[PDB]
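Visitor: Using the sequences plus the hints, can you model the full thing?
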Amino acid sequence: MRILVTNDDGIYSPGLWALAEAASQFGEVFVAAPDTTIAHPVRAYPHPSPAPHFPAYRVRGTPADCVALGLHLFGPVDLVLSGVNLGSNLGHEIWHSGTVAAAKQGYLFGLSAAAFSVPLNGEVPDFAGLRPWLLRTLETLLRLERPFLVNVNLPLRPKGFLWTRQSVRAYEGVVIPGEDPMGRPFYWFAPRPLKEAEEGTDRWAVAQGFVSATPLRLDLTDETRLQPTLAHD
Amino acid sequence: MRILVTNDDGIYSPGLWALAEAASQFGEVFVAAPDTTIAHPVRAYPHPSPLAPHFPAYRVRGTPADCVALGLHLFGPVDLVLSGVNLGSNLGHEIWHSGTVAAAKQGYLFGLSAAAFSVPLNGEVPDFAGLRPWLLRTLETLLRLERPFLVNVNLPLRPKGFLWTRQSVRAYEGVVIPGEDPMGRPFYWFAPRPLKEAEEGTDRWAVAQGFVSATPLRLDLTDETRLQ
Amino acid sequence: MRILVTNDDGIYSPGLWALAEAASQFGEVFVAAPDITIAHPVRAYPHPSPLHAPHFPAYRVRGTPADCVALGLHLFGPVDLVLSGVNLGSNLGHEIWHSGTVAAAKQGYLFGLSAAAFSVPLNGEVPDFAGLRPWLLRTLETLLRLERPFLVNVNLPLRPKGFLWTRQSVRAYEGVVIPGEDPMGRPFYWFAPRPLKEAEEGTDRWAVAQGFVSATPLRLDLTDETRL
Amino acid sequence: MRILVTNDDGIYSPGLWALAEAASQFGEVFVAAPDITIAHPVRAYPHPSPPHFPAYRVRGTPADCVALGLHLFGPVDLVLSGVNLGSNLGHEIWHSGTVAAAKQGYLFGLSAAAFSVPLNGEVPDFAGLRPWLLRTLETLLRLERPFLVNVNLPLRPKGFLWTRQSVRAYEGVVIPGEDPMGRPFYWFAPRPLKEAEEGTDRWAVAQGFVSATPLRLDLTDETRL
Amino acid sequence: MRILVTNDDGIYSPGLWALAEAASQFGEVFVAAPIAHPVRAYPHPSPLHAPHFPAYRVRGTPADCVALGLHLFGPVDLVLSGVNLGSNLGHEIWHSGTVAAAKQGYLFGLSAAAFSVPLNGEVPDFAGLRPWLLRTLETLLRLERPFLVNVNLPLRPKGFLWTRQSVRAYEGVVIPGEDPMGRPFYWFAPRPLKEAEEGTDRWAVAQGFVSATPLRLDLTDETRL
Amino acid sequence: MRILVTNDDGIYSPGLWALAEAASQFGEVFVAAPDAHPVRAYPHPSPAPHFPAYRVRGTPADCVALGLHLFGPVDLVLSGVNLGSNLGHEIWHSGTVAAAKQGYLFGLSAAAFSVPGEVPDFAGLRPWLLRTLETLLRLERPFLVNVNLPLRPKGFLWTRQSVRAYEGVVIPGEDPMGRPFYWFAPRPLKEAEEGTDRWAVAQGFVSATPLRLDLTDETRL
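Chains as they are written, first to last, in the UniProt record's numbering: chain W, 1 to 36, 46 to 59, 62 to 244; chain G, 1 to 36, 46 to 60, 62 to 238; chain X, 1 to 35, 45 to 237; chain V, 1 to 35, 45 to 59, 63 to 237; chain A, 1 to 34, 47 to 237; chain U, 1 to 35, 48 to 59, 62 to 130, 133 to 237.
Hints listed in this document are in silico derivations from the structure and should not be mistaken for laboratory results.
It is possible that some hints are incorrect.
[As the list claims (entries may be wrong)] Label pairs and their calculated CB-CB ranges:
no., chain 1, residue 1, chain 2, residue 2, range
1, A, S58, U, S24, 56 to 66 Å
2, X, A181, A, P57, 36 to 46 Å
3, U, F26, A, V185, 54 to 64 Å
4, W, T235, A, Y54, 28 to 38 Å
[To be verified] In silico EDC-like links for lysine to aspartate or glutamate, alpha-carbon gap of 20 Å or less:
no., chain 1, residue 1, chain 2, residue 2
5, V, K206, X, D230
6, X, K206, V, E183
7, W, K170, W, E134
8, X, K206, G, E210
9, X, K206, G, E209
10, G, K170, G, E150
11, G, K206, V, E156
12, V, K206, V, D230
13, X, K206, W, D244
14, X, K206, W, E234
15, G, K206, V, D89
16, G, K206, W, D230
17, U, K206, A, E207
18, W, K206, G, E150
19, U, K206, U, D230
20, X, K170, X, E156
21, W, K170, W, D191
22, A, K206, U, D230
C-beta atoms are modelled at their ideal positions from N, C-alpha and C, and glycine is treated no differently.
Guide: Rendered as structure tokens:
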């Protein structure tokens, strides 16, 4: 099988190259990464892979742009992988994730897809010690009914793997006033969750030391509110 | 009832004032809007509501989410968070990265009822003197629902109805066509297009039929049918 | 004229005797109501018709409503019309398919006799037969003018104020599946299918909703001549 | 595409899996089988399918299975009901639980097809009927949607045929008798006035032809309005 | 004295209202007739021919009737079930629905009795049954409490006997036969070995006496444990 | 000896063929399962060692009557294994139990077998079936025994029937739609006592309760 690897941090992110080297254990691997709805032009320049040579392209566009060009230039492609993003993509963060959107674009194009992320701020992800678990994870996804759309968060030092649901929490909008060093006022926006992540959620799983894998949906409709509204006698 | 009003087009967008005006008809309106992820600092300066009655307002040099948190601290408590009226649609796959929708969701995450308002664009501009009747009718409907609620609303340019809808979810084809600019440089045309037409009952379908579209949104992106 | 009357609620149901007394206005009445293709046994014992109206011959039957049509035609043969009802409960739209009341009539029609099923919408308040009698007589009068043989489904609201021929209501549906739980934590799904629009004028469902008795001529053939 | 498969015999019927298995040869299959309109509680339970298509046993009717089927698995593009052990021809179509489930599917907006094979004697050879189930399924999947067809496969199929429901007049044969314990009763044995007619599902199955009949939803007799 | 009258033949059985009227002669009578499940219930009119009884028609099992019955008319100190339109003697008790209701009442701490009468043949004259029906309740009411008795009234009582349940062995009589349409079948008509020993419910009602058997709830055979 | 096996879940229930196969290790087995009355039945092919089989268009009791006529003489009637419990009060309305009671009413030894979210792994239960059959086969005949095997038994135990008093909990409620109703969620006053079938299965033990046929309460006659 053939795999397209992209991300949203750039063609130089070591997480991009760690994902591609790991994807290569299961198939032909091709890379298309970002430079940084309507028909637009996209410039794509061949990029030499800094490991087993991977045909790569540097795209002047969005990650979704990469997936589309990556399928054109490298088709056929059976799977679309996005990451590994330097930074988590858990709970409410899934919504806005660029990494996730890349995988979602692949699913919308009919392929199977998965986003991979690791937490930042402090220690940098050690990709050598993460290779085993990256591999294990890929081996599992590859045993799912296709196509699939999955969101993966790997902790810094994984001890396991778990299928998770998204953490969904309420917050109290904390606004704390303050003044900068030179006198100018401002507001410190810092929302705190009203409770701890329940077990079974992606956030929990990563805090316990497990690779979290969440199957995503494309439909945002709240049918439990819609259906009753649409009913008649 | 106290209503916080915001958007993502800017304190200067007419869409924003059309909505605050319409919301006033149901309660005391407060406005907080963007100027143009974790504990971060944000600035906010008073702003005179355009002249229409006066609305306490603020321009926030941050995100629509910041506006919502900043509005609840500056005019709290609040009963409802309305975001829009956005100058561009927010149907289907677009809901995902909607700034307008982002603001409303923020209010929801704070225990409040919320709704985003969008009017389709890229051609002509909306007439908010004509849209007002449909806006009022829509708010009136929303306010009868059980609280809290999270609804996404799209209004066609000149509406002739109203439908509770579901999100249009469609598959695509990665149309990539080679080409060069009249100057000589090569490039790739990316033109994604849906494998089919929007279905009856979806938001996209409703709007194309001249109807206002109202979709109740879920916060959980988890696909439970692939988890169990 | 000879008339065979049955139902699918039982021989003690007042909905049964109301239709019998009513039919007794047009001819001699014989009753056969409850207590598979292969040949099967069926017991039938003489039953005393309630001594409150002109006593009519009757038989309690240890079988199905169709078994009833058959034994009746045999112990009372010959018969001109087979009446089934009055069913305590409605038999409208989609419901016509699995109706025991309609079924008995269809059976009579398949033996070459004219037949009609009578039902009255229930759930909550039970019918008042002294007041339905005029409507039973009026409906019966209307049916006896029809070219024979005929097969008709009749539904009468509790307090009718008119009569109308109707076609079967045919609405689209949505399967509402909302989760819940008994007072023991145990998980379960609440399932209630519901139509997606109001019933149309000219349908049985619309008529009774408006307060008009509804009558629908039925077809035996379920073949959709279109796709063939 | 995606397919929901059910029946009214239960989750253990060979007919059901002989259908799910043939269904998987055209798309993602999910099976929901059995154990009023007012809101009622329904419980489903994860059930191991014997290929491998996710499944559920539903403590409910077949309709319930289509409703639940879609909410726990759906969306879905098609509903399949069967194969029912026992035929569903002519007058029988009226009260078939097999057909009622496909019907519940159409009324929900999807295309639907109910499949059935005669019994009352010898069991069917599913692994030996696969030829025409796949063929019968190919023909339908190409039909203009949405559709609602009733399929009746004879035991040893030598062909196909679009049909019309056989509709016939009957004689209410009633012969008295008495059980061994001397008690009296009446034998009720209805029998048709004449044999099935060419073009009907009942005649087609008797000629060894797989029978499919498109079904209408409105029982209204327009030539009387 | 408050009494809940129920049954399993449904809200329109004359046997049910016949029991209520005999029961009202000894206290206030209330009526309800047909895991944690939801149950619907509606007000139902009592036959204006007898002194008004508050009644409900329940869309569930007779066990439900007793549950909802003690909730709506609570407090109740006696649950009577029947009069069933058919006997409930010997091995029949095990499976009787009329008995089940009374049983449910007992499980709830109340005393209870089930009443049955022979059907299939002729119809029971409750007016000509009211004497012994009344007398039977007088007796039942003198018993220590709570009690749980199965009662069977012959079509024309001329006495009353406390009885034991008839327990008989059977010979599995299966007689071959064929119907009119020519097809074969088997007649299963089990016949007991010996007759019904005297002192048994079956012997009593056959002599022409009302039968009353105190029932137990433990199905265990301690003598083999 | 000669063993007749039936159930009430039908001819395709793996629970019937698991009892039949287990019973074949003790005698010749014959099967008669459901889909003064008339009854029809048709030969049926067994899945696994070959057992003479029959599907009866009738009640479970019918299978027992019809099986003794077709394969008689028979010494033991085995009914099950039912998919779903049959403990305490439940015995009363058990079809599985009613089939065995039929064999008993006919002078034969009889036993009912049942197993309670998930499905039973019969290959793993087999050992407990054999072990349970041998035990039963050592009781004086005729006999009627009710047996419940938990999913993964860890013992055996001759039990009595659990007979608990209840409190009829009725709580008003209403469906999502709007239609109101009554919740009838009865509940036992106490917990299942030690040594009763229900308590026993709860402990993970196989349960076997000899059953009586007389429902008379002689202590009050």
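Visitor: Which hint numbers does the structure go against, in order from smallest to largest?
Guide: Hint check: 3, 6, 12, 17, 18, 19, 20 and 21 fail, others pass.
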